[PDB]
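Enquirer: Please put together the full structure from these sequences, using the hints given.
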Amino acid sequence: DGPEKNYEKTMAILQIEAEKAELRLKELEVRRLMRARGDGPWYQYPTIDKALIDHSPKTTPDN
Amino acid sequence: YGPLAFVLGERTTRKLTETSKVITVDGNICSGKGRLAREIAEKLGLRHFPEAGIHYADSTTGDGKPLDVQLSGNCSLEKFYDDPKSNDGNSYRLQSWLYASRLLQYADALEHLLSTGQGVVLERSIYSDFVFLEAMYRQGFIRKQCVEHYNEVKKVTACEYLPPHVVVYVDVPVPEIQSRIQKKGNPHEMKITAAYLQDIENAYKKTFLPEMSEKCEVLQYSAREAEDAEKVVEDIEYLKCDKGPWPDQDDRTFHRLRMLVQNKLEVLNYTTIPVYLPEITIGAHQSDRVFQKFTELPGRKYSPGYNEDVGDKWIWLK
Amino acid sequence: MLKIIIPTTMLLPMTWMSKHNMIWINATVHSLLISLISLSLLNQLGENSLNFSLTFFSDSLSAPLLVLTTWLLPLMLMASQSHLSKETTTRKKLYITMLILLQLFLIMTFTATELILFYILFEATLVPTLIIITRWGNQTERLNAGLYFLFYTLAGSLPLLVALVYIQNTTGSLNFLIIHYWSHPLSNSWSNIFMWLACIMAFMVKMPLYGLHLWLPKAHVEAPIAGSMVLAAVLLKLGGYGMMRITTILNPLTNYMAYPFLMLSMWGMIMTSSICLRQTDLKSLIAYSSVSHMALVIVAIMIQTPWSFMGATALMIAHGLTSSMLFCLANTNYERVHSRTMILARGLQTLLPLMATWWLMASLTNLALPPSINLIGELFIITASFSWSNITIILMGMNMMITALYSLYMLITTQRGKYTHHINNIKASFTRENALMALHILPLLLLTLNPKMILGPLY
Amino acid sequence: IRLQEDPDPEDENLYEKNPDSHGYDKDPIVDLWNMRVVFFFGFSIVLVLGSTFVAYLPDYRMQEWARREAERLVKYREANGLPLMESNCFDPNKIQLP
Amino acid sequence: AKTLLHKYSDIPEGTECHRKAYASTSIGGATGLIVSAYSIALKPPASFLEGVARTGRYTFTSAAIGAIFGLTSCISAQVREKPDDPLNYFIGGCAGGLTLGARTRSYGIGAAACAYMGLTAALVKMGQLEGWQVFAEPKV
Amino acid sequence: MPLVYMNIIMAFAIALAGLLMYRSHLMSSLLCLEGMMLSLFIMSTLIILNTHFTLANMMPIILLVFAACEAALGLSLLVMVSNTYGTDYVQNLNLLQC
Amino acid sequence: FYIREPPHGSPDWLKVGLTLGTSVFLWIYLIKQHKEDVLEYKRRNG
Amino acid sequence: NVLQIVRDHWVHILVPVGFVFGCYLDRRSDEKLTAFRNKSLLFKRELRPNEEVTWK
Amino acid sequence: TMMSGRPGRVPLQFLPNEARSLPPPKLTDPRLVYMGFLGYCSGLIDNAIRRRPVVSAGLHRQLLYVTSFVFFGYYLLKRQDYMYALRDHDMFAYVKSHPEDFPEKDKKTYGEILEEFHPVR
Amino acid sequence: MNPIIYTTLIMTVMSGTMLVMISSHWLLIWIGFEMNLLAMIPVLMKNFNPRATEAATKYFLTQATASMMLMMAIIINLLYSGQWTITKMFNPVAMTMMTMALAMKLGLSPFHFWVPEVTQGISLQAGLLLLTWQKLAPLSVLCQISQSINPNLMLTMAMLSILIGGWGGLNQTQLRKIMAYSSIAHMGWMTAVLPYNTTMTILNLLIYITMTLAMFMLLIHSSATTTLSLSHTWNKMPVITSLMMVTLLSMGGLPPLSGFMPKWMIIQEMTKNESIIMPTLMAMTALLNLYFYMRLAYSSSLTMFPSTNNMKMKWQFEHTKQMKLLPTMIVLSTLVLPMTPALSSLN
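Protein chains in written order, with PDB author numbering: chain a, 127 to 189; chain U, 40 to 357; chain q, 1 to 459; chain e, 53 to 150; chain V, 2 to 141; chain k, 1 to 98; chain f, 29 to 74; chain n, 3 to 58; chain g, 2 to 122; chain i, 1 to 347.
Simulated from the structure, these hints should not be mistaken for laboratory data.
No residue lacks a Cβ here, since even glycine has one placed at the ideal position from N, Cα and C.
Hints may contain errors.
As the list claims (entries may be wrong) - Between beta-carbon pairs, the in silico distance windows are:
no., chain 1, residue 1, chain 2, residue 2, range
1, U, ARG177, i, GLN322, 40 to 48 Å
2, n, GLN6, U, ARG77, 51 to 59 Å
3, n, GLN6, e, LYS69, 24 to 32 Å
4, k, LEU95, U, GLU187, 19 to 27 Å
5, e, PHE92, q, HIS422, 36 to 44 Å
Unchecked claim - No farther apart than 27 Å at their CA atoms in a straight line, the calculated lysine-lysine pairs in the DSSO-like style are these:
no., chain 1, residue 1, chain 2, residue 2
6, V, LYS44, i, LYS58
7, q, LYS19, e, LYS69
8, f, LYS70, n, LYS34
9, g, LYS108, a, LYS131
10, e, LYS146, q, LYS427
11, e, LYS146, n, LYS41
12, U, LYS352, i, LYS236
13, V, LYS3, i, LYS88
14, U, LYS332, q, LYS19
15, e, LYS78, q, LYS19
16, U, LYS332, q, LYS86
17, f, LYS60, g, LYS27
18, a, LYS146, a, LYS131
19, U, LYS352, U, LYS340
20, a, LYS131, n, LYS46
Expert: In structure tokens form, the structure reads like this:
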């Protein structure tokens, strides 16, 4: 084929691979920050559910 | 049959009846035990298994026709009769192959008994096969290491099987046996010496018969006595059933035994124990060549039913 | 690139579903057709590489090697027809499939765009090779040879895997194009030094560096003919290709870290050529000659000049062809006398005349006779090293002299003198062996008319 | 030590059964056809046609294009007085040197 | 554990060679005691005196290796005036390997131990200088 | 923590050390197992009672149940060893090596 | 041919029919699921 | 018989069909890389009449 | 454990309802074809082990192998695509909601940046 | 043993593991462990031999000690936190005790000593269960508490496990002991990535389970327990020994086989956390495992050993027992590398 076909295919491939590399670095930074802070949807280790607490009159008045 | 059948309710103790017994008719070479065994089978109604030879396994597997010696057995009884001290190890190889054949025969017999319920009348047994080996060792045909290998193989296979309820032994003396052999016609049998038969009789009367009498009853008959089938049958019909460990068997051990005897490769698992005796150790090149020859036999390439050469069809949907 | 990969895969069902009288014929036909098709890959652009897709690409470095592999597969089949004639049909099919898998893996190594895919396939090439060496070898040393080879390669390559994953994590990508454009200088810290080593030692083991070369003689001697053919023609050039590909991200630390390897190779060439001067096994002599020849490629890659890279590519192609042909000739001699002792059979110039001419031409190519591509590569590397340092010329000239000496010594010992009296099984050479030698030689001589094809991407 | 087959005699010369052998297999017909296949697809196709294909391969290395561009550039430089080849691969006006 | 590690590392390179050697000796002695305990547990000595002798031999070997390594490294740092060069630790490790060979009375063991130990000590020094983490905290 | 907690933890530690250090009999090892179970029962019971974790007062009973289940397991294994070797000596368990 | 009839023997038409029916049912369910997924994906986006 | 020939040498068609399929797959892969078809400053030119794509 | 603790994640659910907003994997997917190839290889090995004609015996069994492998592979690929889409969505949302941690860098062209030249002599 | 009783015991083992993997209460996890041990001992002793009794006794002693330590850790965590939920353990001493107990249950070195002995004592049927199913519950517990695990202790245990597994596998000629040491090495590989990424631990566990299922089922199909006995299998059934060679190569971690997936992903995750020395050492030490696998491959298929004459009779008969999962387990353990991006489904 023409020399321009390989040129444009190479440009598309380079764009895709550069986007992949940037996304990989972004993902690594995001994962590190989420693990360090725990303020995102990832690394949300479970805690005690507050629906188990019994909010009813107990025996002793001081609860 | 499997664990599912045992769970669902199929129990062998239901099938066992008065005549659900395994009978082994023993005797020295050409003692006429075969006719006695056949007559016992005819009158008691039990199934008769002719003594296992070199090509017994060929009868049960495939067309029922013997294969070539190179493929099935790699041993010759005639060669042993001609040259019992051969350097090819034909003597001990034949003895081990015969022990394996009788082990398979005993498994088939027990299977038949535990499935159909009909009794079995075998000629000799794995329990009686050691007599020939001991005679060979005493004559000097085989060395001590062969006997050790035979004992090692036997102690791992025979323990998983129940000894026969009745042991019928014919006691034709050595000179009469020699006369019969010299009148039988077979020159190879005529080549048999006297000390060989004498040692066979010695082993039979010193180890087999006493040990079998320790377990169960052991009926004994001479040449004249064994010729009355009715007399022998009547003795079996009135033997004390307490003899033998079979009354000590429940459906659990029966299930174990029936599972074992249905898997022939499991039966023969310890026959090929990796003991590198020069008498039985087949080399890699010969093993490959003989296995390739066996695989090229009609019907022996694929599993039974998938060999298109022998008329098996529907393989695409089978 | 799938135009070559798909037929290579389809070779397997073809051989498996072919009659027992037609495995070799069909394999040869379609391997030759695959090579003919792969010849189209030589139309490389001047500057940009041929980027077929996201996964596969080819430049003026990958294409010659791909053509060499696709051309060498039929040659391996023809050479291995002889001894694998009494084998069963299933094992013959298995051997053919091992060869096909090796060729497929080599193609996908030479075309891979991702360094980690390249690593995966270039380590996947071990399994078919090892099996071939340890299953169809003739001697009892084939078991130790397979272990040495496998463990040398793995101990070299595992740190390469670690380094590649680290680079992927740090730079974000392992694609060759991106890693070439987004290239950055390496500092002189110890961490960069050890990353450089991890990236380099893996390929230094493959193309045997002097000291790490002990596996090559065992592997080439104990393996069957076809196995030795691949090991000498392509499996050694794998390391050179990998080094030429990865040296992009290893600068400028190479300038200072290449000295140990440069000295090791420039002395090991002389040492291994001298070893060839005093060898008693033909295959061992050829293997040590291969070590000596690959030392020059190691030097050329470690110098990183355009002439050095051109010479490295030319020498890789030329040496692959020459070593494969030499191993084939030694295989013919072995199949005739059933022994690899060089001094056993003598005076073969009087019993096999055409085989003597094949030996002569192969030895002339081995000793870099002008205008063969062997000499083109050697002279380019010599000029590059002389520009690097004038002192290098002494070692280069000594190596050339010893190479000529041992090549002509092999020619004299084997194809000259008085015939061995007791040997009577030397039959006239078959058409197959002569055709194998002709197919080894004719492309080699024709490449001298168009050397630009195998001069690499820096031409 | 073992019951093993004796070492097979050294490979029987294929010339014995058929003096015309070409090596390869044992059947004469398959020998002839294997030799024909090898010679044809090796020399007449992938060697001859291969070398012709690689000899007339279109100039995608742009060697003639580079030579023509060099000729045009040399004409321009010498005719207009320019000093042939400059001393900077890039224009200094676009370099923000520290 | 980390107490001894910081008793050895806090001492600056090429300073207080006696105290550095003492800290290295203590670390070696602790390692030798651990090895002796494991050897006694897995390979029981016949007698209590035999166990004491085995423990003493192992502890003395390990402590001597540590002391020689520390002394050699500190002396090299002092004389060469290069505290941050891994060659000092390489020399110390090779000296420790030579002492190990001397205790085992084997030249081959001595040479192999010198080589491997020197390489490992140089690697440890490089990791300290660069910041290599043998046990990396989970960071992702 | 109160000193009773220290004493109970020390008792558990002593029982663990005893179990880990066999002398001859397998019976004494089972004794050390039962002692550890008893110590854990006492610890858990004190913790539950002190913190008035009413719904968790059934935990020590379950612990005791599985404790004597393990004790029965040990006793059955002990009888099998004695039947197979004549003594419950821990040295008879030697066939399986490495 | 064989003295003992093969354990497989004539095809177990019950088992063969069950296998064929299961395979056909799996293919039909897969095709229907793919069609439903394509339709739902188009619906949720446009 | 002709049917004998095909039933004995049907394998001589796999690898050619394989090459055809590989060429088709390469074309399909090239289809999914038309992100810069005519948008490169070097080969960007106006499409000639009756030419929807430059196939690049 | 990353995605295990995501809010709203229903336990023991192979495909959440939100996954339907993603395009289903095509039935001509190369991964699905490879799953079918694995099923066919499993059938061939099953034939080989039971000592029956490898390429012809039991066409129904090989067909069942291929169908089951393709079915499970399709569902597995759908779940994998959903999980990767979830990862990308969460990463993008976290980047958007934390501008300080991911600031735009000054874009200096190579004409401005000074990268040291290391000669090769 | 009655088949109904054996099925009940197997279901009790499985129910104990499911209780461990399903509950949210520490007491129920300990209960599941106890049920697993109770129903595992008779399964170990299904075939009554002195070696089987010895294996059962050793396994019972080790698991009992581990369960006692685990319950002590649970009690201490309750004392210092008043919590029973499986969450971030609030006491370092309790965390250390629980880690030791769980490593002893898994067989991580230096708690590895019982694995080669118990594995050799029991049959292949019981060995498969011991080396595959008995690893699920402790690994699940470790994955639930990976946040509180001290990384240093777990990494030291993993590295020691890999080293000791490789070293032990080299001197072994019994196949069961080789499998046990390989299991120890693979458990070390799995536990190396626990503090970093548990999904990689799950992936490694799945791959190892498939490989070990394939290997044990091939051994059962060959009825071989020693290298010499397995060598004879080339004559009767070359397919089995060829598949065994392929599976051994996969277990070695050689690409493109499936065994490369877990090591590759583990090295990736450990390099993402700036740990470069530990994964390199682990990869280098895997070469010992690769060595003994290769030695077995030589003795089994790559090279042919002398058979015996009696194999001629065995040639005539065909295997009756049919393991329906063996081809699938072989395929999944050899040819699944092109399918790594399926890792996300384990998230």
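Enquirer: Now look at each hint and say whether the structure bears it out.
Expert: Status of each hint after checking the structure:
Separated by about 46 Å at the C-beta atoms, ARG177 (chain U) and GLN322 (chain i) satisfy the suggested range of 40 to 48 Å. Roughly 55 Å separates the CB atoms of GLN6 (chain n) and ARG77 (chain U), a value that falls within the hinted 51 to 59 Å. The hint said 24 to 32 Å for the Cβ distance between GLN6 (chain n) and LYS69 (chain e), and at roughly 27 Å that hint holds. Between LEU95 (chain k) and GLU187 (chain U) the Cβ separation comes to about 22 Å, which falls inside the hinted range of 19 to 27 Å.
With their beta carbons about 40 Å apart, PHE92 (chain e) and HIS422 (chain q) fall inside the hinted range of 36 to 44 Å. Distance hint between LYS44 (chain V) and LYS58 (chain i) is fulfilled; the C-alpha atoms sit about 19 Å from each other, no more than 27 Å. Using a Cα cut-off of 27 Å, the hinted pair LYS19 (chain q) and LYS69 (chain e) holds, with the two alpha carbons roughly 22 Å apart. With a CA separation close to 21 Å, the supplied pair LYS70 (chain f) and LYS34 (chain n) stays within the 27 Å bound.
A distance of roughly 30 Å separates the Cα atoms of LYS108 (chain g) and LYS131 (chain a); the hinted pair therefore is violated under the 27 Å criterion. At roughly 76 Å between alpha-carbon atoms, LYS146 (chain e) and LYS427 (chain q) are farther apart than 27 Å, so this suggested pair is violated. Proximity of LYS146 (chain e) to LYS41 (chain n) is assessed by CA-CA distance (about 25 Å); at most 27 Å being required, the pair is judged to hold. Between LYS352 (chain U) and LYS236 (chain i), the direct Cα distance comes to roughly 25 Å. Compliance with the 27 Å bound is thereby established for this hinted pair.
For the suggested pair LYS3 (chain V) and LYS88 (chain i), the alpha carbons sit about 25 Å apart, so the restraint of at most 27 Å is met. Taken as a hint, the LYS332 (chain U) and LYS19 (chain q) pair is honoured in the structure, with Cα atoms around 19 Å apart against an allowance of 27 Å. The hinted pair formed by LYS78 (chain e) and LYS19 (chain q) meets the criterion: a straight-line CA distance of about 15 Å does not exceed 27 Å. At roughly 14 Å between alpha-carbon atoms, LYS332 (chain U) and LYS86 (chain q) fall within 27 Å of each other, so this suggested pair holds.
The straight-line distance between the Cα atoms of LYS60 (chain f) and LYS27 (chain g) is roughly 13 Å, inside the 27 Å bound, and the hint therefore holds. Using a Cα cut-off of 27 Å, the hinted pair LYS146 (chain a) and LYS131 (chain a) holds, with the two alpha carbons roughly 23 Å apart. Of the supplied pair hints, the one linking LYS352 (chain U) and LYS340 (chain U) holds, its CA atoms being roughly 15 Å apart against a limit of 27 Å. With a C-alpha separation of about 12 Å, the suggested pairing of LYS131 (chain a) with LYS46 (chain n) holds against the 27 Å cut-off.
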